[PDB]
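This document starts with one chain, in the form deposited without the named molecule, laid out as structure tokens.
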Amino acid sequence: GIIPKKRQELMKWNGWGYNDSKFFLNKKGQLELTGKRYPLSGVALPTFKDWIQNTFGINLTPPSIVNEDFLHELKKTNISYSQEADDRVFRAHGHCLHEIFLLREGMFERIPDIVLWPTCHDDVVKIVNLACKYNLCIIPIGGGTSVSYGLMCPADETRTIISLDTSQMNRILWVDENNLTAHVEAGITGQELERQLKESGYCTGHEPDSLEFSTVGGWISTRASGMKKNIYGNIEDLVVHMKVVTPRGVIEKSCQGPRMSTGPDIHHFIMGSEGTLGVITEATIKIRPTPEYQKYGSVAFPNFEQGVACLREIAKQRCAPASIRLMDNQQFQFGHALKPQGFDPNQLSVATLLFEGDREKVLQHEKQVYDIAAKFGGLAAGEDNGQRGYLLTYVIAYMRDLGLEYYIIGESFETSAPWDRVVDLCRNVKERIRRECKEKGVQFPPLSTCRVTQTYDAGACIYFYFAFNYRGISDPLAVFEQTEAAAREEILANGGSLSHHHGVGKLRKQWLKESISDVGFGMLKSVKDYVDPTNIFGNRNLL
């Protein structure tokens, strides 16, 4: 689960995930994931082609500019580095639709000049000192899974850009079994973190969909949320200590107390800072005994609003399972179409459930959730509709690359909102997307779908997928990017936030001042200007 230095030997240079995993038609004419990595790898999907054809109407480098004296001092440190075109281009992007285009079909305007692979905190201190001495710009990179343009190099940045790659700084340093805390280097991936903890009988439970590649430091930088936050917390509840290298010096608290009142919480000044302040090198995270048992479930509702009302009541009774997601009809069908073999079926909606903990407790909780559900017309729909909509989740981004081969472009986007705004926001956003697409000359009605993906006391996270068959469309990116920007306007007009988890990066910068207020924005600026006065950390995210 360690990312090798030459990423492209294992990962796709032009898309998501591993080289050995891509959808193909098997010898029975049916979509199938290549390779052996996933529970769905090698599993025929006999209705997936039918669903895709129905849904979309288809048949089926810049030179390296680097100071010689800097390079001389770098050689003395014995830190590994590269000026090769493939290494630099690989770290010049995340996973936004726009970037993945430039990467398949052209070239970016600016890419890092040099890649460095520090293996520890001290190496990071060396590199930030060199950047001060030689006037260099640093863009940190972990998993490279940003969906906010947070890795894109500014077109007019004229300094040498270092891509400071954290993927070789990836060890668990200590596991404290008395306090259930693990102290880890920040380049460790979710997958490798969980694998090594599980050999001791522990987990963190933090499971964002990008966990095979995304890193501890990246989660802290972007305020990451994982599928099971209902039991384990999101990144801000999980982290108890961190250590950060900035050009001003090293930020670290002197104790590992679980909660303190010692002024404004400086951990919150670093969480969500998106690579703009320094490098998070190590963090202490809460750990838990691995649960004894897991069960998936699902519930059908006669429509979406009944489902949303049921999720709301579950959150009011504070008895959410490990994960509870509510899919609208299109998303459900997407799922139903993906099996390996009453209620009006047009508005019929489906919640998927995941329970984990002790066997006897799990089965007791499962009963309670189905009883709350019955009050809203909800009927149990089975583990496999459950089991499968969550085996599904690590594969959806492999589907996006398949669409591009067939002239389909799609992206997801998200928001959080008060409970009382969820139904209208979902309906109005989906309709805004349909309206814009028609107005922009999109021939076929787009895929425009939502799910409720997390529940909170005060409201929910809502996740949208938007995609269309771009047949007969001149400029399919510009249509798509205008339509995304429009949906965000619609989100914010309906009381939703700028982002629940993806973050702001450079994609949503233009709305930030309005979201956090002028003085709010002025405060983020003031911390930046103190900690990094010469803007070494210049990816220009946020501000």
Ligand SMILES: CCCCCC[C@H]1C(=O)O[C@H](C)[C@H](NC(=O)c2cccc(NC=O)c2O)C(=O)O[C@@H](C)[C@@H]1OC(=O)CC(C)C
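Numbering follows the first chain given and starts at 1. We call the rigid core the largest set of C-alpha positions that still match within 1.5 Å between the two forms. First, how it differs from the form deposited with the named molecule bound.
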Contents of the next structure:
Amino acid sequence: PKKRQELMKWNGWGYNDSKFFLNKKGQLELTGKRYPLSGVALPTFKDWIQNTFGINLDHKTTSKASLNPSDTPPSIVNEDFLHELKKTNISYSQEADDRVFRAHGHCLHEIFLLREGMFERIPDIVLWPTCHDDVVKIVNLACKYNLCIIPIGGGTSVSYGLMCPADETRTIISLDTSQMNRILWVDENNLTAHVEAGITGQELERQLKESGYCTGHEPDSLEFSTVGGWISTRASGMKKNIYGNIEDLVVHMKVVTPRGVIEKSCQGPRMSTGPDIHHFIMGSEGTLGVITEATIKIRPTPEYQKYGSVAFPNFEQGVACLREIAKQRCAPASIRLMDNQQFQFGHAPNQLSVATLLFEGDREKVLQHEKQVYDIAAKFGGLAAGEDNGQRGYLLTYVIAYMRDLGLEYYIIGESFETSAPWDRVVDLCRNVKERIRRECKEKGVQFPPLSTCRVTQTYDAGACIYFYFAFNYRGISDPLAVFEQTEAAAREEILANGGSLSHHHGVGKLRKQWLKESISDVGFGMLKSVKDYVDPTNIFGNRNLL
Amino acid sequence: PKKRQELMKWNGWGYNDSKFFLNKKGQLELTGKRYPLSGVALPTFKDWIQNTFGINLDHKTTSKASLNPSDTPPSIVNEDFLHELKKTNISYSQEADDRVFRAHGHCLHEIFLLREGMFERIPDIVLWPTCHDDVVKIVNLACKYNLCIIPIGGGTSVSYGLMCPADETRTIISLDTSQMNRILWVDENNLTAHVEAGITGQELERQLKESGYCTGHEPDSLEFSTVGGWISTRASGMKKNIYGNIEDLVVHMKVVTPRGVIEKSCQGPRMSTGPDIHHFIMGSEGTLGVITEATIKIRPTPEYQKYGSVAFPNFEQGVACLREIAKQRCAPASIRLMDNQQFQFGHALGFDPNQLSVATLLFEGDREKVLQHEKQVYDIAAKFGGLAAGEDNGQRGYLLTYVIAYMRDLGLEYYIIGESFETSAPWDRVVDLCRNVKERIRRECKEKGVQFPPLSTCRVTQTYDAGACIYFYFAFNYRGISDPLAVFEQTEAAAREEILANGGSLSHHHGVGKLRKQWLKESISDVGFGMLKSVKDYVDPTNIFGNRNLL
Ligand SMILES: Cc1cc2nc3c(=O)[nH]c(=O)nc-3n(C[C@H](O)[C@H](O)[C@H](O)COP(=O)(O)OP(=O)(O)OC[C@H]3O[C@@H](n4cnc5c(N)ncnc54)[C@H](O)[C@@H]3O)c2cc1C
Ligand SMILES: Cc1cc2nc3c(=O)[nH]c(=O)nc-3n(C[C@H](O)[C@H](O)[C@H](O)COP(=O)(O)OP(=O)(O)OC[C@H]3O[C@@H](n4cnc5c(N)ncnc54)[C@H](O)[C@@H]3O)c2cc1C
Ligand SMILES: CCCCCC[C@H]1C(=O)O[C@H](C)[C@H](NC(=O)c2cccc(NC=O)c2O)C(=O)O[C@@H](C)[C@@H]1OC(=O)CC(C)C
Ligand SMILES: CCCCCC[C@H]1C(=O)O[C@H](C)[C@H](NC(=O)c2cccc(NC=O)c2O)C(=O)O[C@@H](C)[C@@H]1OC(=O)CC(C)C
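I've shown you the form deposited without the named molecule. Could you give me the structure of the form deposited with the named molecule bound?
Starting with the chain above, the whole complex follows.
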């Protein structure tokens, strides 16, 4: 649907039919029938929240139920442009609902603003191209009328990637790709799919599975995030150990820029023809052009899958076990190491951690793989905690972002963030980042100590991906968004000073801009600028992400 | 050694001590003791050469005996620059011999000219930095005095990437990285090695082995090719199915550009921090700066290695089997499918012996896993009519790896011009591309009046999810042909046109250099090409890195 508010929340994650509410029995439960925890009462959840954040659940916050249309800036757009746009039959909207839906990602700041304030700037017009040639016309129009374009796909960005710069005086088009969503074809001999960039991941897998195929790329946002999004942000997913990350999955792509269309002439698997121009575009975050089409690898649907789980004496032993697993290059499809606090949350001794596992592929090969991993983990005090437990521990994957909305209903601001680091920095980085979060919250006037946990979510030869989760009761803090912002940016500084990356997969957008030049060196930065100024000399792709 | 020609050949591949010759018994043999095949007579080789190319092995070709300093252009070099350079103690040389050694790689055309002629242009001075800070001083000086720098590592380019543009009128520095060759350190905890970019593959693997580690990156030029070279040309190696290719191995890198030092601030395994600047350097072919250092992944030395081999009814069945192996993601460490003509050559040293094709295999890693892998691969191969042909036949199938380039020098002593080229292609193009390219080569030869039909064979060399790497081998008897290089040059160009028209890439691993520039813009789009050009003009605005590769 073009009117996204029809099915999806204008002011939070996901579908209108799916939210946490207090049932007849006074227990927490997700509305709808969409997820395997939809309609499943969670008896202890309420107490966990009381005791963790120190609240009743007496006073719900009150927030906007709809856009307030008196607060939405006016849609400024040229008539001659509009006149030419009319002739193309490219569908468009100047309605405030449509324009506000596409002015934001799913960063905390943005969500909180939707519920309480309004945006400084939002697009002036929304266009829904349906194919590559529409995107060619739009881009040509935008050159002709000095327009600005900000592509959006899923709108799942967590980096201020879609945010309209406040002092951008030109007409901002939101170039929405949701209608450019066909599987053009499956190539069964080469095992690739030629797709349009607006297809969502849920819809990509659904279609391919009708022919017996999958991509196996499974970011947590896959119900809404798109092929073009993934390429633009260097997305990563849960089973990258078998299937690869987006840089491993993309065989070919087509891109529209002000200068013309970028495309390689060949679809061969690996080349040496200079600096790989695919990597000039991957991670380009809407700044260079529109990714219209991509060829992506596919695989037969896996024959078998099996969950598993392991208890360790403590986090540090789990990390050493994960390190050993990587060293033997025998990481399962997924492996996550959860700290004690998260093990406690999942339980509804104070040191133990739990790893969850998912094996998939051939039945025989899964079972061998499984014996290998358990035998490794034995040597770090790790004990098999059961197959159904491991499954239980992937049940929350697609409901977590609905928990964040639940918390905003009761004065709790929460957010996750992430990094990758060398294996020899992981232990220190986890400890010191968590401590910097608490120290900052104490020092900013926060009553209870925050929820501050961590988890190891991917292993690599050279290190691991680490997720942090941060939440706090903000009730009667003066400026509760400045405190979040300040603490998040402090957590980021800490990450960098402990040998962490600026981002493993969320990207940079405008949220992490300030650290990029240091991350990639001044010359690196200047090389990015040179490609921008050649490809987009008047800054038509004006989201101002990155540089 | 700074004076490379003391140990290595000035006009050819490899070591002065290793060359094919006719022994006391009139049989071909490789001299010295470097390779398993050194000092091992090849009784049938001489006859295969005669039958294949239609020549007697009596009339030797008469080549230039030695590097003539007088044949070279004079070394012209601003004196103030020279004064400045002496103060730094960086070793340097203006001697003809050193300059000519670093004026070329190993394209057939460059070797031919070495043997019978002289290059239109050669570096004016050779510098030997020993470390990163040295390279900074040199580039700073090259900026100041308007010098053109052409980096050199092993000198093993097959893309005219070291060739000095003929109309370049500035002083050309050859910046030789061979003395900048330390393993700076091994990080056993992250499994990475921080190395200087002039270290060779042989020397890197030898030092790592001493601690029980390897990279497992094994290009066929590994005796002489360097870390900086691999990065600059996107090199690929034999066991890339296990270890990865250069873009999978490199975790970090340091590059000296005229604009300053490029370097990421962290060494995390994988980031999302915009377009990946390592891919701006990898494949840059000396056009942007000098790669000084890199951090490369290492592994523990494998527990166990084992060869194998399979014979298929024909090539096409062999290809379907490799495709099936790739589909099941069970490629062994190395797998190569050789066409029938190559099986005969190997043979000469109820299946039909002039249609059958042969695969060589190398498995490596844990004992148990090797065994499991070997079952799976032989089980798939049996579905395509594939029958296990023996471990020792497999091993023999890998003996020629480091000696084929010496065989080329041999051919040139007897009026035989040979070269290899490579591409990669989607799976559904492999069979036709193989057929059409070989035929194209036969046909182009015939039409330019080549007496005997050339050697024109092929080999599938690497498998990927999305396709394969293909090598073609081309050689012909050139006796009498009025202009043999022009015949070779055109036939090569035409095979490349064929490759491109049958869905193949411009290159899998050799790169573009100046030899394949004419097709780059079409391979990558004008806008693509423009992006490469923008980066060049930012990083190197006065074109110090003047080799003119790519653009
Ligand atoms: C709850 C939740 C879970 C998440 N889980 C993951 C995860 O597991 N892994 C992961 O990598 N990320 C995750 N994300 C982040 C986000 O889903 C990814 O960054 C995703 O790749 C963005 O896809 P999208 O289609 O939503 O892009 P959008 O948010 O629409 O856009 C992202 C950026 O790309 C640009 N863009 C979008 N489409 C195009 C195009 N066709 N051409 C050019 N530019 C374009 C936009 O201008 C913007 O700058 C998560 C986010 C949330 C909120
Ligand atoms: C017999 C033979 C076998 C081969 N086998 C293989 C193979 O298996 N796989 C494969 O990929 N290739 C192969 N090649 C090609 C060649 O060895 C590779 O391209 C190799 O990467 C070149 O490394 P080198 O150190 O010899 O570089 P050189 O030839 O010295 O330089 C190559 C290019 O890189 C630039 N350069 C070199 N060092 C630096 C640096 N430090 N910084 C910046 N630029 C630099 C040069 O200016 C030049 O443009 C082979 C070549 C031959 C002759
Ligand atoms: C940006 C969205 C993240 C918001 C951060 C806050 C949430 C957060 O910390 O999420 C984590 C993902 C955490 N999980 C686990 O411990 C966990 C443990 C065992 C097994 C699994 N197995 C999944 O299959 C687990 O997932 C979790 O569920 O805690 C929620 C309850 C938090 O919500 C909050 O209290 C604050 C919210 C209510 C505002
Ligand atoms: C450097 C580029 C060479 C240019 C092509 C010429 C050479 C060429 O075709 O190489 C191929 C690699 C070929 N091999 C095989 O058939 C082969 C077959 C079975 C097993 C293996 N297993 C290796 O362990 C094989 O390798 C070969 O050895 O034929 C040489 C003889 C050719 O030399 C010449 O004719 C030029 C000169 C001698 C006249």
